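A lone chain, given as structure tokens: the form deposited in one PDB entry.
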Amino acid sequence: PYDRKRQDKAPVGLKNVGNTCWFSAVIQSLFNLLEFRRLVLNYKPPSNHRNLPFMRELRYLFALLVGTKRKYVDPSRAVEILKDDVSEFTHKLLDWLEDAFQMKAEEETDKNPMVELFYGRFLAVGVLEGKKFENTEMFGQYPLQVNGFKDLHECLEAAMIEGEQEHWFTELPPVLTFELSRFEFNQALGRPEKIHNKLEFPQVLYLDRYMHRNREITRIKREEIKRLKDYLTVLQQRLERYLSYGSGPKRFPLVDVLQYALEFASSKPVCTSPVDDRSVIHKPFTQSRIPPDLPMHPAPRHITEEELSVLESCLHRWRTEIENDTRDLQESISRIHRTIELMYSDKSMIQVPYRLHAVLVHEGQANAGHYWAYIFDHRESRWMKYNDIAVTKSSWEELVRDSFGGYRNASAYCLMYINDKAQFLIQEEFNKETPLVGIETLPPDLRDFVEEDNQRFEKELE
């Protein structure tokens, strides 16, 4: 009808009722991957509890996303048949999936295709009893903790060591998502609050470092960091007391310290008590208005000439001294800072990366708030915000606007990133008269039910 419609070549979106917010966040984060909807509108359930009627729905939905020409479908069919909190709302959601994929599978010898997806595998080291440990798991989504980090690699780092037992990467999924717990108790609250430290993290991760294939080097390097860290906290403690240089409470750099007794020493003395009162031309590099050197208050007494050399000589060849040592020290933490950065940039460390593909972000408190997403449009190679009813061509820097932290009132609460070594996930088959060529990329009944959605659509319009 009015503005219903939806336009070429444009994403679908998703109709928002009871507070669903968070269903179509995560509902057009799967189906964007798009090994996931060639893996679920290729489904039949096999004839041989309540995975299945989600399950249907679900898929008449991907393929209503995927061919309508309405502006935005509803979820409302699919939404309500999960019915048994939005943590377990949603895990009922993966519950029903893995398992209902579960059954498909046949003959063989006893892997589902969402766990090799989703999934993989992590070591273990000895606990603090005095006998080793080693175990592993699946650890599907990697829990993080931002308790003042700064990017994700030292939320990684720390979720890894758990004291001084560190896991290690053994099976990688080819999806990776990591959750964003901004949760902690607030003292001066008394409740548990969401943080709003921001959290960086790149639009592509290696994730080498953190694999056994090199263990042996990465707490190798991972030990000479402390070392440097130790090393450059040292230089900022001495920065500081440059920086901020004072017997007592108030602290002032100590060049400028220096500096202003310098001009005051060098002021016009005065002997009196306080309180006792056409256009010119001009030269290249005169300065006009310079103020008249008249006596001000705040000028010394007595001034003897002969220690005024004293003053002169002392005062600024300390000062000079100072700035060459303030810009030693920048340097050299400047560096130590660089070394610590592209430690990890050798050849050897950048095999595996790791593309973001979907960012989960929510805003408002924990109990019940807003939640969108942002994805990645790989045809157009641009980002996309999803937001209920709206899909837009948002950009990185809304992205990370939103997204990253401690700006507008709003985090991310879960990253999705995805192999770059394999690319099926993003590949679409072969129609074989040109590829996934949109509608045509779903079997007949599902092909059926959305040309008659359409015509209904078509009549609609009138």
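Positions refer to the first chain, counted from 1. We call the rigid core the largest set of C-alpha positions that still match within 1.5 Å between the two forms. First, how it differs from the form deposited in another entry.
- Core-superposed comparison between these two forms: the C-alpha position of residue 21 differs by less than 2 Å.
- The two forms, fitted on the rigid core, differ between these two forms by 2 Å or more at the CA of residue 450.
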The other form holds:
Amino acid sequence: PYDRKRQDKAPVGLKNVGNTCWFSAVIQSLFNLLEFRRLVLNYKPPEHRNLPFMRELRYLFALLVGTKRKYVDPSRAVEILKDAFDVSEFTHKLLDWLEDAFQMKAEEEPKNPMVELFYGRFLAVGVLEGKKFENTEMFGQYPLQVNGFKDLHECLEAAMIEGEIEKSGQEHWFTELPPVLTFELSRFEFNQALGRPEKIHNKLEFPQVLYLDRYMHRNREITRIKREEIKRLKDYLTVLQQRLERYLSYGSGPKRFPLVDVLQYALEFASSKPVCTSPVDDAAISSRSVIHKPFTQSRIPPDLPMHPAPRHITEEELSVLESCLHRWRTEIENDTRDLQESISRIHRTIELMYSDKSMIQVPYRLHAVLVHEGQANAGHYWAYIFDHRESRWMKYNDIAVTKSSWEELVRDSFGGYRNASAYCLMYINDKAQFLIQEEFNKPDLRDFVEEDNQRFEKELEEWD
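Same protein, different form: I have the form deposited in one PDB entry, so give me the form deposited in another entry.
Here we give the lone chain, stripped of any partners or molecules.
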């Protein structure tokens, strides 16, 4: 334990204090959100054990910006939180206390600067057996179910639509968006074979920049139309995928093979030299090689009749077969190509449905990804957080803070690639330049001489 807890111009880690990986992830995520870091740092207090937790969190983020060491011990902050008693219940109370802390600071003087960052509003419009309704709900983290979806947009759309819109239905439309937009990616589904709920492992993609234009209430008439076009296109896309499958998995029996091979090999059989008998009736570097003329074949096998082959065939029989099976093969080959072109064409059309400039004006940039691996009410959490000034992805895994990549993030967060997959996505408004508010140069924390002491106490290294 000599000269091990020392920095090298890298972000500070956090101690595990048992199984508090969930704490590291949530905290490091918040801390890397500069405006929130400033709100916690420049916090002065004016119900619960909320205010000592806020005060202990100050000492956590102070020694995390003052660094000096490699990792900080979050023991005092975690102990207050643990004394109040799954990890979600813990995360919930944590946020409760922080919101309540900022509420007391505001109430004394109302806008809650923390609630101003994470919470937004959406409009819920629908019908219940013919009777209309319209409500504007406040939301925080928008929760998503990931079973059977290919990406985040597929996911989100399915969540902002309930029933059948026109009969009972409901549509959600964002009215007010939070500058810090968060999504839950719920992978828990009941496994009948296992007889318990388990995490689903299908790959669900998400972009580095998400355009929330289509989900906006103002774009409600436009999106509804684009949506119906995709309904029709997906319908067409199916019929083609069905027909193409009949070409690729041909046959009426239990085993199907491609039709093109069925025809090729059938013709191979017919064109084989007939056999009238039953198959049961029965360091050379010392050689003077000849010159090989171009376009020839040397190891070409002998042409003698062997089984399996027709017993007999007519010249007319062969000529009929040869003309049939060859023309039909070209027909089959051309149709598979034609079907595949059309499928990709429909796919491209769907992909670029919301690509026009009037649907690209609400950009949200991915700031953090919270990953989980393992059993449901167990496992381990780590995070991928973006270092906006350095323009680089970072892997925050208790004590270990390493320079990562988008490629690393995807393997660990999309699912299927590894036993780990993202449980939460944190997006930041690209227009919201105030969430990354670094101190001018035209380190020296808002704190009062605390990190200066823990950097001197650690400077004390004995030498025998």
